[PDB]
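Next up: just one chain, as structure tokens, the form deposited in one PDB entry.
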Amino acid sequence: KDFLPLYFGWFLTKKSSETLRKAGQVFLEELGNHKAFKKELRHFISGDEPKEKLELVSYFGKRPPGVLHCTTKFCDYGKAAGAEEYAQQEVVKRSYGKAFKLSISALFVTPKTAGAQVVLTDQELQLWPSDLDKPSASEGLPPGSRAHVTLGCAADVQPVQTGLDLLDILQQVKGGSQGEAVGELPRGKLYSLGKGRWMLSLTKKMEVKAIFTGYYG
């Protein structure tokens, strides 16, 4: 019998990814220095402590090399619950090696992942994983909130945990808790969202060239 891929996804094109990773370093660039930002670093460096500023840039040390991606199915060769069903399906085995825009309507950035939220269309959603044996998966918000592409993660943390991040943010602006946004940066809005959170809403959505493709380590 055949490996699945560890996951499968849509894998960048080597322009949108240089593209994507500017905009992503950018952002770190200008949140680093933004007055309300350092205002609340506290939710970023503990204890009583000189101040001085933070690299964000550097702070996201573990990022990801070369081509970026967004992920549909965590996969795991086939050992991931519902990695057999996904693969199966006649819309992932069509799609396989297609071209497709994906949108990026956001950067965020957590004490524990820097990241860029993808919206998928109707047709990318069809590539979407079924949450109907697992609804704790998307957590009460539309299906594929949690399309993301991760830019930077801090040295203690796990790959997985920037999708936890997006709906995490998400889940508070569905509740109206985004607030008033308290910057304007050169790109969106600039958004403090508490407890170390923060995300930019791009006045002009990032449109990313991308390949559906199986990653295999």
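Positions refer to the first chain, counted from 1. Whichever C-alpha set is largest while still superposing within 1.5 Å between the two forms counts as the rigid core. First, how it differs from the form deposited in another entry.
- For the set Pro142, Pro111, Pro135, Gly97, a Cα shift of at least 2 angstroms between these two forms, after rigid core superposition, holds for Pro135 and for no other residue.
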Given for the second form:
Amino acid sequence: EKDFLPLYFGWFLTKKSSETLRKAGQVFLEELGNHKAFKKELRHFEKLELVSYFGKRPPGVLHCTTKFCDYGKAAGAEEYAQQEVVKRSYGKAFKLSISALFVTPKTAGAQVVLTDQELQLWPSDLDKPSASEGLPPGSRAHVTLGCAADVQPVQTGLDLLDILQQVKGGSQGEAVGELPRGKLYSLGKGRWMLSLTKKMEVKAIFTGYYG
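Since the structure above is the form deposited in one PDB entry, I would like to see how the form deposited in another entry looks, so please show that one next.
So it's only the chain below, everything else dropped.
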């Protein structure tokens, strides 16, 4: 008999923070979908309700996933789960810093900027890691807000990596506009980023989800 691991580890936002971020995300999607610059790109295909477009949303509490384990069937699962830092941090409260919200034609999410301590909990063996894309470790860290109907797991992280590639190289450009919470950037190809004037800090508990 082998101990059967979680579906995935991550930081699970407290009820309060989760609700707070969920609303922020919804307002962002509502505001963005109504923004002149977005509609203009959109009509470059009327008005699209982004909340409906990104219809597959996390049903339970929002979270920032570290290692997907699939109960042990995922590669590197047992190795990740038996890490000292993971055991020590299990059930521990953290604050996750959210610096931006983004959308693409596939996903809507929040960019997480992990601390070095929290970075110790970040998987060392992701299938498509930041390092493979010239970005610092843990840059893929995120809270998914919503996904298009046929968008599979993990896409949100990949999408963030791609967006962070656009800002790194400089493709950020001038803000095309501004929403109450910050400056809005068009990265082209349906990619949009709201750079928060004030970083959002969410309380979350690091633990394992079993489904």
